[PDB]
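In structure tokens, the next block holds one chain alone, the form deposited in one PDB entry.
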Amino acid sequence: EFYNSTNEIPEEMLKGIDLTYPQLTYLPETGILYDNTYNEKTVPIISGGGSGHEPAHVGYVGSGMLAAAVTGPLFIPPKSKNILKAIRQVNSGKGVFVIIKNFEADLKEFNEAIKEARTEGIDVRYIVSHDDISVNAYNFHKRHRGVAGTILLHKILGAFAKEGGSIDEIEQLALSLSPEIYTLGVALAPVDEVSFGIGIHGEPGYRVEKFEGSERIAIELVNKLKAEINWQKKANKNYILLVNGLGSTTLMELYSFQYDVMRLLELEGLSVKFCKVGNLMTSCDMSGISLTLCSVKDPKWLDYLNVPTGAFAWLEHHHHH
């Protein structure tokens, strides 16, 4: 690799992002990247986590999405001191809402910062992203990590905030949305072998087999998602889909896979009302894909997904169409 950020904030990367986008500024030595056009008129949403997953979360900072993201070393969450610094900065007395991915280390650092901010008079509220339905190789309980479906919280909560939602209303929206999101991934590795339900850090999949084409990979992931969501039994047939490359899978492979998945989900009697395809949350250079499904439980969520943002990894909107 060209750079390695084991044990250090990726300072060069964050400075490069600042240099590229007029609307983003980075605070050196802190890992904090912020939307410099944010005017404090609406409730801010922030997030953060380890490097190694870009564009999560640096590519989701911008108008209509996150006001700031705090990035730590490779696969290590930011320190509570830098999280607290970011909370105080975006705060203006209207509350601050935090999205935290469900990892032990991330929980500890965010908890510590949020507790401290609240003692200072800041009304910080939070939701924990837990969409990963892969399972722990030891006892077969779901891992419940926060993975690529986290970005749907960034997008929907950011858009409702931008339209004027109060801190109380954003929390209630978060509590409704978060349970609806389900994500499952697969990786390839040479011996070629296919690991279904690979963890976001390479943890073992629930089943490994010889590669014999991607149609059967799509069938398996769809069948495993069906076992959790049970869409066969649910009246609302409308879904949001993400097809996410985990780092080294090509656009050709991602859109080919999207095609196979869409054909299967059509046969399941579902209507995919929104989809987004690309490297949305990676794991270094892993060769794999994850699929995220989320019920369109409120039709308004489609409006919130389609609205334009200033964040570099979500610049598209329905005025394109």
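Between two forms, the rigid core is the largest collection of C-alphas that superpose within 1.5 Å. Positions refer to the first chain, counted from 1. What changes on going to the form deposited in another entry:
Shift analysis on the rigid core between the two forms singles out 142 from 118, 81, 234, 142 (C-alpha displacement of 2 Å or more). The Cα shift for residue 153 between the two forms, taken after rigid core superposition, is smaller than 2 angstroms. Put the two forms on the same core and the Cα of residue 174 is off by less than 2 Å between the two forms. Fitting the two forms on the rigid core leaves the C-alpha of residue 108 displaced by under 2 angstroms between the two forms.
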The other form holds:
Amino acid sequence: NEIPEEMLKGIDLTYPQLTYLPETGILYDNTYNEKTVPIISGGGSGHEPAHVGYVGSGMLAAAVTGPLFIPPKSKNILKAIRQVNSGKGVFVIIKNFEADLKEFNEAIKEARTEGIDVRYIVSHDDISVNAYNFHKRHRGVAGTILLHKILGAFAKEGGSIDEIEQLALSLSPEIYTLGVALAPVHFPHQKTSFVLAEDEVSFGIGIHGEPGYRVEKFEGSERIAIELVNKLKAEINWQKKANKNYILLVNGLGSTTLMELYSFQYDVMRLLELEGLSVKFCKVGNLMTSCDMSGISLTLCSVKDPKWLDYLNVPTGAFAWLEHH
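Mind pulling up the form deposited in another entry next to the form deposited in one PDB entry we just looked at?
FYI, this one's just the chain on its own, none of its partners or other molecules.
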């Protein structure tokens, strides 16, 4: 029930370009000089490096982090909006969770009544409910960070708040994610976020450690990749689209090792090649986690505009995405 103050103070100590405002959950790019439109985001703690690792020049101007798996209070979101605001607009990326929407909506409304031009996009890339046939909301999950990177780059290169909103509206729909848990989140006192047999996996997972939508027997990593790819295919229908070019994220949910992640990416890259697709950009790592959960999510995004690859390849000062051309 506490903002992870020590973690945020430790981030501030580690990175000269980042400053933490004590007791607010707000971490900001202290090099940001209000010359370009700021993009901000935030959410519960426990998904690191989402979103603290995405604060920096060319990505988020600030991120607002709440307690473990609980989004930040609207007053802190509002504080962050006012701080980065200079009368050019503020863009907010929100993950599609009822709790997050409540807090961000309240802050966005208040900010607007104060004269700040705030626009937003809600990330909703998770395909679990379609893949497994549920009537629930489409969660914003690892593919959210594509908005951070693409909108952040476009903003840094001078895009207006209007242009950024239009880009977000074009990008957001293209992003599709499905993940699976290999093991639940472990809490203190030998408790876990759900029960999962050792020979079982849980497909269709989000990020706050809730059980996924479909439990299946574990039949090896290859079979797991096949399932994820099969479900993504069913939503994307890439075989019917002339554009065969995709962006891919391979996301570890916390305690899946790097060797597992790169092995799994090899598998998935081969599967997509055998689907006749070209993956034009790949990022692999713990990109958006759920404490110490073991699992993996795959995100695919059509390269709808070749420029998007330019935006993905632009250097940033954000610690979890320093990669570039």
